[PDB]
Each structure stands twice: as C-alpha cells, then as structure tokens.
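Here are the chains, one letter per residue:
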Amino acid sequence: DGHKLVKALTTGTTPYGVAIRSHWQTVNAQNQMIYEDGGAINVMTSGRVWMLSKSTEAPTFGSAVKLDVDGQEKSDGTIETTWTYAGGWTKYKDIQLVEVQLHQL
Amino acid sequence: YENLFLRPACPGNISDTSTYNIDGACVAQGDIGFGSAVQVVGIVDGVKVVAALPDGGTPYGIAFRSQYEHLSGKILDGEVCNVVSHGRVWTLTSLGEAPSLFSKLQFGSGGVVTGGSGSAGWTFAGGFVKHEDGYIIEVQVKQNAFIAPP
Amino acid sequence: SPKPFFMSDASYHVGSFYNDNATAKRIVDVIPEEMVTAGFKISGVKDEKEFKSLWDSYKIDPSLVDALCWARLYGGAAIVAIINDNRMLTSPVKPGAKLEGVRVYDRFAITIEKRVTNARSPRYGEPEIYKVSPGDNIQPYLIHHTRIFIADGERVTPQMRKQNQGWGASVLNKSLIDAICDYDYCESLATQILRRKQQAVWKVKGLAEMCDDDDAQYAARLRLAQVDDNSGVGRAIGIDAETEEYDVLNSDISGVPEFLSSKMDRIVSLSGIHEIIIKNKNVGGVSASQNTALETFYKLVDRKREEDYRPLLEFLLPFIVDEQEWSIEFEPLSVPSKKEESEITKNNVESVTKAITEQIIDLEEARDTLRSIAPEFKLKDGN
Amino acid sequence: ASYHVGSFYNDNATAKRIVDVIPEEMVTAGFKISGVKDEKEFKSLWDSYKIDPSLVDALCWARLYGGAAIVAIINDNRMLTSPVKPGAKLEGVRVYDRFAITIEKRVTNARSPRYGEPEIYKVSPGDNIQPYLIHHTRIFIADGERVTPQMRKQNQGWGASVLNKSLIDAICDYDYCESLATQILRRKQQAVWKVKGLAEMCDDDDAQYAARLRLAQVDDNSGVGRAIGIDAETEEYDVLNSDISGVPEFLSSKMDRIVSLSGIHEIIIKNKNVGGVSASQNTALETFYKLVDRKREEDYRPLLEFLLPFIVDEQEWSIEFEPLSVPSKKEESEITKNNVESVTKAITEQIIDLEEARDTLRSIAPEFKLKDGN
Amino acid sequence: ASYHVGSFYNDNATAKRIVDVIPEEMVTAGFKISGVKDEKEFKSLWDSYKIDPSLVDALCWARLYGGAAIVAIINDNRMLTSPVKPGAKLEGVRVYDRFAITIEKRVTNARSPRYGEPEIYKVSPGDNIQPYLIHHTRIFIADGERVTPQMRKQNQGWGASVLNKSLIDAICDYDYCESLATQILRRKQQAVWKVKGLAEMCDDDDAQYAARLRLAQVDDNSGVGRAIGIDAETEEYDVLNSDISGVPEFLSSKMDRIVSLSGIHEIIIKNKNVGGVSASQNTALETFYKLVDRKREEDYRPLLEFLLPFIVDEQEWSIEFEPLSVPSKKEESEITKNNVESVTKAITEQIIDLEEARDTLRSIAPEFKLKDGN
Amino acid sequence: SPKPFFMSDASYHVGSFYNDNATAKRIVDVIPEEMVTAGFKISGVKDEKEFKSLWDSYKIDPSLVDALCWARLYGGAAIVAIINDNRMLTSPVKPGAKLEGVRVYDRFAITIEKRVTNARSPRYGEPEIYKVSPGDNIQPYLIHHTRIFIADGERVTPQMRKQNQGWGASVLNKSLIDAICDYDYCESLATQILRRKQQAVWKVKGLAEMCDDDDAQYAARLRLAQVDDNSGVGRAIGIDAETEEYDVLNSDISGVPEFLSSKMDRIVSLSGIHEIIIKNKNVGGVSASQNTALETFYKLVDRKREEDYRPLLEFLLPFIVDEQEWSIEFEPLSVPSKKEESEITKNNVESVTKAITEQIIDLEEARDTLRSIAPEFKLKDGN
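Chains as they are written, first to last, in the authors' numbering: chain by, 54 to 158; chain bx, 3 to 152; chain cy, 37 to 419; chain eb, 46 to 419; chain cn, 46 to 419; chain du, 37 to 419.
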C-alpha cells in the first residue's frame, strides 16, 4: 500500500515530515511529550505547524529552513530542507517555538 | 488526525484519499489507456484537448478509471475524459525493480514510467506491485511540477 | 473515495432489482394494496350509500396503490388533486368540497420552486411551491402546497434527510440486497455439486502421442463418447489390461436442503414478513398456528398502515365530503366466516335487545345501534 | 475500530428493526383520557393537529442518538424567550435531533426545587437561520436509557445510544459467519490434475494460454454422463472432497446471541413462527406486550403531560393506556354480551338508575351507538 | 482486570438487563391504599408529582452499588438541618448514589433504642456547591443485600453489589467461548501447497512477492466447478479438514449456568419461549412473579412508609400490592360478571343493604364506575 | 496462617464463602425470607385492622429475616427485646404487653453466665442469665432468661450438642461444600477442553540450531504468528516439501453438557430444594407438573416453618396482645388468583346462605362467618 516506517533524523539524511500532537502520546522521564518506539505516529507533510527550535534570533519570512542533526530548527544547521518559515516566533515555558510551512516532498 | 487508505489497487485508479484534483472538462484525440500520462494539445471554449504522451512533450496528468464514462475498457476518441492533476495514483510501468523512495520519475513514450533519475517532476510514492506480467507503481502528481518549455 | 458530484443512488439499481427479480417485487408489493383494500369507515356522515357511490365513481384506489408503491420503493411519491376552481393553477384553493381527478408522480418528478421561512407563520421550513416536471412532453407547472400531497417512505437520520432534499430511503438497503443476491449463487453451486456427483477416469499410456485436432484424435473422441452413451447398469465395457485402466470416483451430497432453508430464513429475518407469506408454504405439521402467524402479520401491516395510509385520507376527505366534522375508523383486518359471521350477528342482535326493554332505550336509537355494526339485516330509513 | 451509529442505522436492516419496531407500535397503540366532558371533539382536534409522524421520529431519534428535542409554538403575544402564561393554545410542533440543542443559563436558587435544572435552552438549527433561545416551558427533552451518573454529567446529563458495543459487534460477527459459511459451501470439492514436466512450460505465453483454455474447456463438459481421458504414464487426475454439517445450528446459535442481547424475542426479531405449537406464541406476544408497556410507561407518558394540558381547558383529567391486546370480533361480541347482561341483570332492585347505567355501558367501549340524553 | 462495575454496566448489555430489569417492573406493577376517603385526588397528586423515574433510578443504583440515598424537600419554615414537625407537605424528591453521603453525628444514649443509629447525614453532591447537613428525618437510604455483620461493619453499614465475582467471571467466560467458536469455524478447512526448493526464495524480493501473488490469485479462482493443475515431480496440493459438533449445546450450558447463578430464568433473560409446551410458560412467569413479590416485600415498602405519611392527612391507612397478573380483557370481563352476581345473589335476603353493597362493588376495581350518593 | 489482626479470626472462611459464592447465597436465603413473607393470621382477637396497624408500625420483619438467616447460617442467633419498664434490664419482667425496640446478634456474641440446677422447678438444666458482648466500644452486659430468645438451626446428636454449648451446626455441611466446589472445577475443565479442540504443528529441520532470545528466533516466531493469523478457509499456506511440514490434529467433544447436568443433579438432590427453584429452569416438557412440584415445595417449607417460625410467635406476641386466649394460624401457602378467587368466593357466598334460611343459623353470626373467610367483600360492623 505504501505504509511507511519512520524514525528520528540523522546526519546526511532527507527530512520527510513533522510529528504532531495527537491522542497517541507518551511522557518521557523529563515530562517531555514523545512518541513511543512501538505504535502509531501522525506525520504532517504540508501546511503550517509549530516546531521546536534552539536558535536565538527571529527568522526572516520566506527564507529556507535549515534543520539540526536531532531534527529541530536551527539558524545555521548543515541539513537542507525544502520547507519555509511562516513568521510565527514565540516562547512556551522554557521552550522556543517557530512556525514552519511544509511542502509535500 | 489521519488519512484513510483506498482498497482497490488497479491501474488507473487513485490509491489514497489525500488532497487530489480531477480535471473532468476534457476531450480525447486518439485512444488512451487507463493509467497513462497525457498532454494538452489545445484549448477550445474552456475545454482541454488531450492526447497520449509523445516524445518531447510535458506530461499534464494521468487518465483515471471510471465505470460509467468508459464502458469499453479504455478511453475512445471524442469522449469526455477524467484526468488526475494532483494526488497519488497507480501507473503502468516498464521498470523491473522499484526505484529509490522519493526519487524523480521519467516517462517513456506512450505515457509509461521507465526512469527514476529525472531532474524535476513527479516523485515515487513507495508502492510497487505486479500486474499482468508487468508492474504497477504509485506516483505522486503535483500541479505545477512540469513547466512547458517556452 | 471519489464519487460523482451529482449523487444518485436509488436511480437505476432499485428499479432494476424491482422489475427484474421477483422476491423484491413481493417484498415491496405485498403491503400497500393490502392496506388500501382492508377498507375504512367514516363517522359523522348522514349516510354511507352516497359515500360508496362517490368512491366507486372516482375510482382512485389503483392510483393510491402504486403511489404507496413508489413511496416505499424510491423513498418518495406525490399525488396532485385537480379541483373545480375558476383560478390560475398557481393560486391556492378556497374552502369547498369538489375535485375532478387525482394523479400520481414518482420521486424523480418533483422539486422545490421557492421557500418561505417567515417567523410568524408555522409554515416556516415548509416548501410552499412545488415545481413538477411531468413526462410525455408536458411543460412544467408550479403548484401551491395546498393542492398536492407528498408521501415519504421510512425514517432516516436527519443528516441523510437534509442531504436527500427531505426525502426518505429505499427499503432495499444493501444488506437486504446482497442477502437476496447470494441466494442465487448458493442455488447455482448446489446444482453444480449435483452435477459433479460422479466422475469416470480412463487412462491409456501413450495417449500423449496423439496429434492435436487430426483424424486420429477425433476418432478417439468419437469412440469414447459413443461407448459412454451406450453404457449403463445393464451393460458392460471392455478394456485392455496392459494399456488402459477405467476407474470411477464419487462424492457424497447432503445438508444442501438445510443450508438453503437457512439462507431463506435469513432472507425472512431481514425482510420482516414471515414465512407463510414470503415463501407461501404452510408448515403442515400444525393445524392452527398459521392463524396466529397471520394475525401477527396483520399487527405488522396495521402498525405500518397507521403511519402512511391515514395522511392520504386526511388529505382527500375534506375535498369530497361537505360535512364539517368526521372521523376515520379502520375495519378490523381479519377475514370472518359465514359460520362465525352468522354466530356474531346472532350474538349482537340478542345482546342489543335482551335487556333494553326495561329502560328508556327506544326504537329510534336501537335501530341505529343495530345498523351501525354493518349487518346483513337491511333496514329502510324511518322511525 | 469504532464507527458512527448513524451510518450503521441507515445501512443495516437488523439495526433498523431493532431501533424502530418499538416506538412506532408504542405510539400507534393509543390511549384514552378520563375526566373529559366528551371525546368526539377530542379526537377531532387531535387528528386535526395530526402530529404523530413528528412524535414517531422524535421518539425514534431519542432512542437512537440518546437525545431529542421538540419545539412547541403557542398562540401568545410575547417573545419566545418569555415564559408561558396559563391557557390552552397550540399551533404547531417540530422535532430536532441531539446535535442542535445546548444549555444556556444557570439557576441555583435553593428556594425553588428547580436548582440544577437548565432554565434556558439554546437551539442552533443551522440552515442559514440564526440560533435562538427558548424558555424552559416551551421545550421538552426526550432522553434514551439510564446511565451511571459519572457518565451522565460527563455527557451533559444526556442518555446513550441503544446500540452499545456488544450489540454492534454481535451484529457484525453474524455477517462474517454467513460469508464464511458461503466459502465453506464453495470449497466442498477440488479437482487436481498433475502432469510430469508441467513446470517446464513458461509463464504467460501462447503454450500456457492454450493449455489453460483446454483445461477450462474439459472442465466445462465434465459430469455424470461424460468421462475424460488421461495418459497413465505421465498424468493423474484426482478429486478431494469434504463434508458439511452443523452450519445451520451454529448460525441459529449466533441468532440466539443476537436475540438475547437485543431483548426482543424471536417471533418479533426473526419474525418466524415456531410451527411446533399452536398456542404458545400467544403468550409470547403477551410477554412482548408486558415488556413494551413497561417501557412505554417510563417515557411515552411524559409527552402526554407535556402537551395535553396545553390543549384541554378542563382543570382535571387522567391518562389511561389502552389494553394492548389484539381484539377478535367474535370474542368482542361475546364480551359485549357479558357486559350488557351484567350491567342490567341485577340493577332492577336498587338505586342504580338509567342516567348512570347508560354512562357505565357507553364508557366501556361498545359498538352500541347511543345518543346523549337522560 | 474487568471488575469496574461502572464501566461494565454501560459496556455490557447482559449486565444492563440483569441489573435493571427487576426494579422498573417492580415499580410499574402498582398498588393501592385502604383507609383513604377517595382515590381520584390521590392519583391526581401522584401524577402531578411524577417522581416514578427517580424512584426507578434510586432502586437501580441501590441494586447496583449496594446503596443509594433519596432526599425529599417539604413545605416547612425552618432550616433544612432541623427535624421535621408533623404535617403533610411535599415539594420534590432527588436521588444520589453511594458516593455522595457520609456520617457526622452519633446517638448512643441509654434511654432511646435509637442508640448507635445514624443521626446527622453529611451530603456532598459536589457540582461546585457547598456540601451540607441533613437531619435523619429528611433522607431515607436504600441498601443492597444482606452480608455478614463483620462485613456490614467494615463497609460502614452499606451493602454489596449484586455483581459478585462468580457472576462476573461466569459472564466473562461466555465471550471467550463464543470467540473460540468463531475461531473454530474459521479454521474448519486448511489448504497446503508443498514445493521442493521453495526455501531457496530470498526474503522480501520480487520473486517471493510474485510467488505469493500467484498463490493468492489461484486460490481465489478455485471452487467446485474449477480445477487446478500442479507438477507431479516438484509440487503437490493437499487439503486438511476438521469437523464441528456440540458447540450449540456447550453455549446453551454456559447460558444455563448464567441463569442459574443469576436467579432470573430463561423466558426473561434468554428471551426464548420453550415452544415444546403450550401452557407451562404461564407457570414460569408466575414463579418469576412470586419471587419478585418476595423481594418487593423486602425493599419497596420502606419507600412507601417513608413517603406516604408526608402526603396524606388521613390518620390510619394500609397498603396492598396489586396481585401481579396480566389481565385479559375477556377474563376480567367474566370475573366482573362473577363478582356482580356474587355481590347480589342472596344479599336481598338479609340486612346487607345497598349502602355497603355499592362500597363492595366499587372496592374491587371494576370497569363499572358509579357516582357517589346513597 | 498469618492473618491481619483487625480481621479477627472467627469463621471468616465460611463467611467469605457465603459473601462470595452465589449458590450458597441462594441455598441459605431461599427459605427464611419466603417463610416470613408468607404471613399469618390470628384468632380470638376483637379485630385485626388495629393488629396490622401496630404490626407494620413496629415494622420488625427485616430484623426477623436476617435473624432467621444468621441462625440458619451460623447454627445460632440471638434476638433481644427491650420493653417499656421502670426496672433494670437484668431483672425479670412483670406481666404486661409493651414493646419499644428489638435487635439481633449472631452466634459469636452470646455466652452463658448463670446456670440453674434447682430440683423443684423443671427449668433446671437450662441457663438463667445470658452474657452478651456486642463489642463496638460498649461494655458487655447481662440479660435475664425471659427477655431474649435463642434461635437454633438443625438437630444434632447430644454428643456434639453438649460440646457445641447447646448450639446446632451450619447448614453448609462438608458434603455440600465439596459438591458445590466441584462444579467450578468441572466448568474450568470444560472450558479448557473446548479451547484444546484443535492443534497445529510445524516442523522445520535444523530449527533447533537457533540461539534462544535472539534476533533470528524473534523474527521466526513473529513470522509464525503472522502466518497463523491470516490462514483460513479462503486462504492457503505454502511450505517446502523437502524441509518443513505443517500438520494439524483434532479431538472431539461429547457428553459434557450431560456431565454438568448430572453434577447439578447431585447438587440439587443433596440440597433438598428442587430444580425449578435452584437452577431456575422450567422443565418445558409438560404443562401441568411444575405446579405439583410447587406444592411439594410448599409442603416441605411448611414442615420446616412449623418447627422454627412458631417459637418467635409465642415469644413475641404475648408481649403485644392484651387479651388472654388466642390462636396463631398460617395462611394456606398457595398463590391465589383472579379466576380461582372469583369463583371460590361465588361458591362460598352461595354455600353460606343457600340452605341456612331454614334453621336457627341466623344473620348476626352468618355475616361473621362469611367475612371470617377473608373476602373481597368489605363490610361495616353492626347488627
């Protein structure tokens, strides 16, 4: 059918999508929202989504998205991605978030 | 928040219920087979005239299977035709083995998939089954991917 | 899954399964004419001779029958009544008692012309003008709501109702459809198993050497068939020991009638009409259980009748009777017997005047009492 | 693997019967009203309003969705949000499903016993009409079956669908069993034909097409009266067979599970006479009547007290539910004979006089028409 | 694992029926009161109050959770904490489950026999309102079933659920049995295809995918009227089958265990008429009726002696429960004839006068109404 | 065995058996409840309306119910009655007829304090004073013999009667307990037999070469489960003839329902209360024998009632009745009904005065006679 098996991003790889909040969601040791090793995962491939970041400067509208090794937005990462920025930039409790527009690969 | 799968896996039909688009205001010149790429040769009164893909053309969509419009088994000259311009669809192929996931497909003559090393265009979606001593693949069609040369 | 933008499900499949298969004909047709021909009685009228005279003058009950038929099949039907009115056919009807015909249209022939949702009127949400497109090259003509009546089928979810422009659904849902469909498949497989009871095998070493489609192979096949047709219990066949062997293989057959009876029972269960009516076979082992089966069947048909037969009556009666207040009674749908009808007439005639002779109950009401329950005892109108 | 109940309702037939059989028969059973000066005009006015289709589908959607509403409009010179003044006026009633009704305003006054019960109902019919607000007295709410309160307040004080998970999957398993039985019948017999070197013949070519066409042709002409030829040295033709038994019994057991979970018995859900007994389905029916009346007393009467005082100007009245038993002419005549002889066999000697004997005889529903008078 | 009564009730239909079939019929049965001047106004007040659904729910939670509380509000000009002075007033009644009531104050003084009996009840309904206090006179409590005194004290004087462990696991085993039956029917027949060298296939390659493709395709086209060819040297095709029998009896035995442990019999729980006999199910239903009367005498009355003294100003009255029997229009007709013949067959010979004869004839509730008078 | 201290060890084995198992619940609560709810009637009293009024004013029947139940269960129970009197509860009771409260205790809360062996009074050899120790942080206290009454179960020989301190035994004897326990074992065995009906075996040469708890073995077992889940009638499984085989074996089931029916028969036969009251299943094969089974049940329950219910009557009634001589009679334990009561009352009213109009049997006592047999005919007292 085309059903796919997915895992975390690594070096020299091609990003596919971004996991989103859903019913299937577990808690890590540090109270972090995670997807367990065995189970269903929802991946959104087109549209606007809030994504974790570890940058320190507000991104410019429309510029290309550059990812980090572990799969989070970073201002000068070495992984190239087709997605774009949408302009949203905010900060949850001790967490940085950024608004990313994803195009279908 | 998930997308359902569609059951029949026959050539010429859609494979998923993701975002798709069907251009139903068209007519055919010549004969077309379900699951082949087509090209736009002209426009009359808001209607697009399509034909099977020649050498040197730019594909526009893929013929779509319907059980009322086409009672013969294929699309005939002078018939209204369904064409899929955006979405995942099962296509006829002459390849022998599945290409790399998310690669770029290349269309031989007659609108069949024969290449997996294109520069830009439609992409392989991960489905590869067997039909009639031949194979069927799953392609992801996007609207502005192939641009007509000036 | 992709689907046409002009949704149409009960358009061709229902009509095909109705006019081709017979069990569908029965399951959709047994009810309506039985309801309409059960009969009805009116109360509050001066007399009934003229009532029956006007009824069998108008002669509209076959139209009522097939109107209810299309209502049950296509999920909707309409009937238009024409009135002796000197006004344009768009206009409403003034009070009166007059009409010149009633004629029926199917679900496909009626649509809505304009809609009124005025707050003060309780008719908000009710389509006030119906646009009908008849057949046989007749131009469409819009109708005021007062003239026509719309009859629906069975209840559906409101979500489906609004999507189906306020119209019911067909009784032939896909579950009943494929339950009907696989019955023929099972019957065909049963006949195939009956054909395949016994087989014979004839083995001849070197038969592969035979040429394809030449005189030798044709001669061999002619000889084999010829010796096959003349064989039997009273005949013997000879073969060669070294070269050929003749064996017979057989298989048993049993349980097929029970399996088919189970399939028919499933058809009955999904239909809702019971055995001695849908299969029309008396069980035979019991003397008087078919009577209770048929009275349960009348329970079913009566509870269905109260839902749809009445609105037609309340729509037609005010145009035929000039009397101002009347009531509908439904005759007890049970066939009675010269024997027991004679007995019940005796019973009621002696009950009505066994003990009224000592009270103020006089002749002028005793006669109405005796001729109220429709007797075989006529009586000329008088004192 | 959870599916919305509406699709199952309007698709499957057994679900249709299970959800629909009770309310329609319940409402068509009828009733009588006591304390009324006369009943002819009562029936005339009742079938003048002719609201029973709306009543039927109101009860139906209350049974299915676990919640239904009826809006009753009245002749009054006030806005709909206002309460209803005393009187007996009615002009129309309409029916709305579970999804179009909510609660708006809260009352907690300890003085009235009305604390904890919604005061204003917020209706959102949709269909390009602005949602509006209605006072309590103008609306009645019909609920489904009883549920535990910890789920009741979680579901906004509303009932649950009568199609629970056990009923749903019990229904679903039956079709799977039927399909499996059909497969069992189809696979009764199998013919095997083996030929040395058959594997040498290559895929999807003319030789294979010819061979398989020949096999189909020879299979089409086999049977009792026809024989087939075989080469002994290379090829063999055998037949394997299997038996069938107990499938109807297993299907009957599954139907038993269906009827046990539904709670309505076989001659009503399967609608098949037992046939082996002539006078036991009558008590079967009376058990059905007892259960349906038991369920009716719970929920059908509230409509009666909701609507009846709004149409009758009389101060006092009562509801009696008609004896839900099929009435057979002959025994009806016999009962009428017994009643008429009892009512005046021994009143000739005491103060039981005609003005009340007539009332007694025309109260117990006779066929005896009698004009009012002394 | 599956022991939570709250979820089990609303997730299993059998639990639903087995828990609530009894009290609703109990209350709908009916009764009457002797020593009252008249009954018309009594029923008028009763159906004006319309608290029977709340009574049904209270009894249902009493049977399920082992304990429920019922609260009545009276027309009295004092604090709700204060006791109730003698009178006949009623305003409304509400019901709470086992989870909202507790104890505050004790009485253990010598002179009163009420020593050691609860005095003041702490009601904590929740619903964002302050929990409050109620005197013993206002609230009545309905219990479940008797237990050993040691468990009675351990459960702070509250009973136990009717769903004990034996009932729960007996119910659970039925689902396992039917699932095994479905698996049994699925595994009736199995086809095996043996090909020497098939092990040489590489895992998850085009060759293996095509092989299983062809296997499924050839399987889908077989049947009675179709044949399959194989190669004698390298492959063979076998079929193995197993029979089925006795599972209807097995499941019937499981259901019989369920009914025996429950105490409610087949024509009420399985809902099959026995069919092999004409008139024994009437005796079965009257056995059900005698047991339902036995349990009714235990728990339904206390509600009556708790509520009735608050509505009737009459001093001394008595209760009788209407004999539970389905009345047949016909048979009540003949019994009325018999009673009207017995009431005045020979009373015209002694001092028994019409003044008491009319009372006799209108006491046994007839279809003959009679205006009060001489 | 170690047990928690707050759960003091006193027959909690049988207590938990009672409060857990359902068949024990039925067998212990079936008799006393019906016994008490059967009702009774009293003769020699001026009137019975006030008797019933005071009776349901005191409303002690739930206490009587669980008193009898605990006496049947533990083999002993105590009922304590307090009277409106101006004396200490230790002293005896003077003549009078008063009640103010009555309460119940089980077997474990009662002991003997003072014993009498005086020669002249026949009362010697039975205890004089009872020491009750309710617990519940209230001091135990002492009761005179007359105030309270001790209810016992079934008779035992004097040899164990004397060692059980004049107290009977539990109705759940060893044989009954073991027979009840065996049924659950048989049911579990039946479930296992049904599960083990069919087995599939897969054989692969060299399969044992694989290390345990390893990647290859995990893959192989996942593949086995996957292919097992997808097999069926319409699906086939391929194997390799050279290396692996797939066999299936099966066993039948028969006689199990009869075996369990026989075990239930043993249970009911040893219990003594019969099938249509313990299994709650009508015989179904006959129309008019279950009623005779009922009257056998009523006869046995009446025989048991005569031994236990009366002592409560003669222990309590002398404290509530003011007149001197009375009779306690039991209603004939049979469910009456419309028909039979209607025609029986007809027979009584014709028998009471069909032929008495000729002799001295006159009206003032004829009315008393006719309303003595409890009729539906209410009558005002008078001449």
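One or more of the hints may lead you astray.
Unchecked claim - Beyond 12 Å from chain du on every Cβ pair, some chain cn residues (computed):
1) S99
2) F144
3) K150
4) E379
To be verified - The calculated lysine-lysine pairs, modelled on DSSO-like cross-linking and capped at a C-alpha distance of 30 Å, are:
5) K82(cn) with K416(du)
6) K340(cy) with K416(eb)
7) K315(cn) with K390(du)
8) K390(eb) with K414(du)
9) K390(eb) with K88(cy)
10) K375(cn) with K382(eb)
11) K317(eb) with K210(cn)
12) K382(eb) with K85(eb)
13) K315(du) with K85(cn)
14) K88(cy) with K416(eb)
15) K315(cy) with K315(cn)
16) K390(eb) with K382(cy)
17) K374(cy) with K82(cn)
18) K85(eb) with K61(cy)
19) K61(du) with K210(cn)
20) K210(cn) with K414(du)
21) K88(cn) with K88(du)
22) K39(du) with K390(cn)
23) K340(cn) with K374(du)
24) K375(eb) with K382(cn)
25) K335(eb) with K95(cn)
Claimed, not checked - DEER-style ranges, computed between Cβ atoms:
26) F42(cy) with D135(bx): 37 to 43 Å
27) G48(bx) with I73(by): 38 to 44 Å
28) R197(eb) with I73(by): 46 to 52 Å
29) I148(cn) with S157(eb): 27 to 33 Å
30) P158(cy) with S373(eb): 39 to 45 Å
31) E70(cy) with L415(cn): 23 to 29 Å
Hints were generated in silico from the structure; no laboratory data involved. Each residue gets a CB set at the ideal place from its N, CA and C atoms; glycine is no exception.
A quick look at each hint next to the structure:
1. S99: holds (23 Å)
2. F144: holds (22 Å)
3. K150: Holds, since 16 Å exceeds 12 Å.
4. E379: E379(cn) is in fact no farther than 12 Å from some Cβ atom of chain du, at 8 Å.
5. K82(cn) with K416(du): holds (15 Å)
6. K340(cy) with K416(eb): violated (34 Å)
7. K315(cn) with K390(du): Roughly 52 Å separates the two Cα atoms, so the pair is violated.
8. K390(eb) with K414(du): holds (22 Å)
9. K390(eb) with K88(cy): violated (40 Å)
10. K375(cn) with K382(eb): holds (11 Å)
11. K317(eb) with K210(cn): violated (38 Å)
12. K382(eb) with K85(eb): holds (25 Å)
13. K315(du) with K85(cn): With a Cα-Cα distance of about 44 Å, the restraint between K315(du) and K85(cn) is violated, given a limit of 30 Å.
14. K88(cy) with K416(eb): holds (25 Å)
15. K315(cy) with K315(cn): Holds: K315(cy) and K315(cn) sit about 28 Å apart, inside 30 Å.
16. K390(eb) with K382(cy): holds (20 Å)
17. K374(cy) with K82(cn): violated (52 Å)
18. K85(eb) with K61(cy): Violated, at about 41 Å.
19. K61(du) with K210(cn): holds (13 Å)
20. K210(cn) with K414(du): The hint is violated at about 50 Å.
21. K88(cn) with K88(du): Holds, at about 25 Å.
22. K39(du) with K390(cn): violated (75 Å)
23. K340(cn) with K374(du): Roughly 22 Å between the alpha carbons, so the hint for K340(cn) and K374(du) holds.
24. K375(eb) with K382(cn): holds (18 Å)
25. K335(eb) with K95(cn): Measuring from Cα to Cα gives roughly 21 Å; hence the hint holds.
26. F42(cy) with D135(bx): 37 to 43 Å: Given a distance of about 39 Å, which is inside 37 to 43 Å, the answer is holds.
27. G48(bx) with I73(by): 38 to 44 Å: holds (40 Å)
28. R197(eb) with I73(by): 46 to 52 Å: Check failed, 33 Å falls outside 46 to 52 Å.
29. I148(cn) with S157(eb): 27 to 33 Å: Distance hint for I148(cn), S157(eb) holds at roughly 29 Å.
30. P158(cy) with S373(eb): 39 to 45 Å: The hinted range 39 to 45 Å holds for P158(cy) and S373(eb), with Cβ atoms some 42 Å apart.
31. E70(cy) with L415(cn): 23 to 29 Å: violated (44 Å)
Hint compliance for this structure: hints 4, 6, 7, 9, 11, 13, 17, 18, 20, 22, 28 and 31 are not met, and every other hint is.
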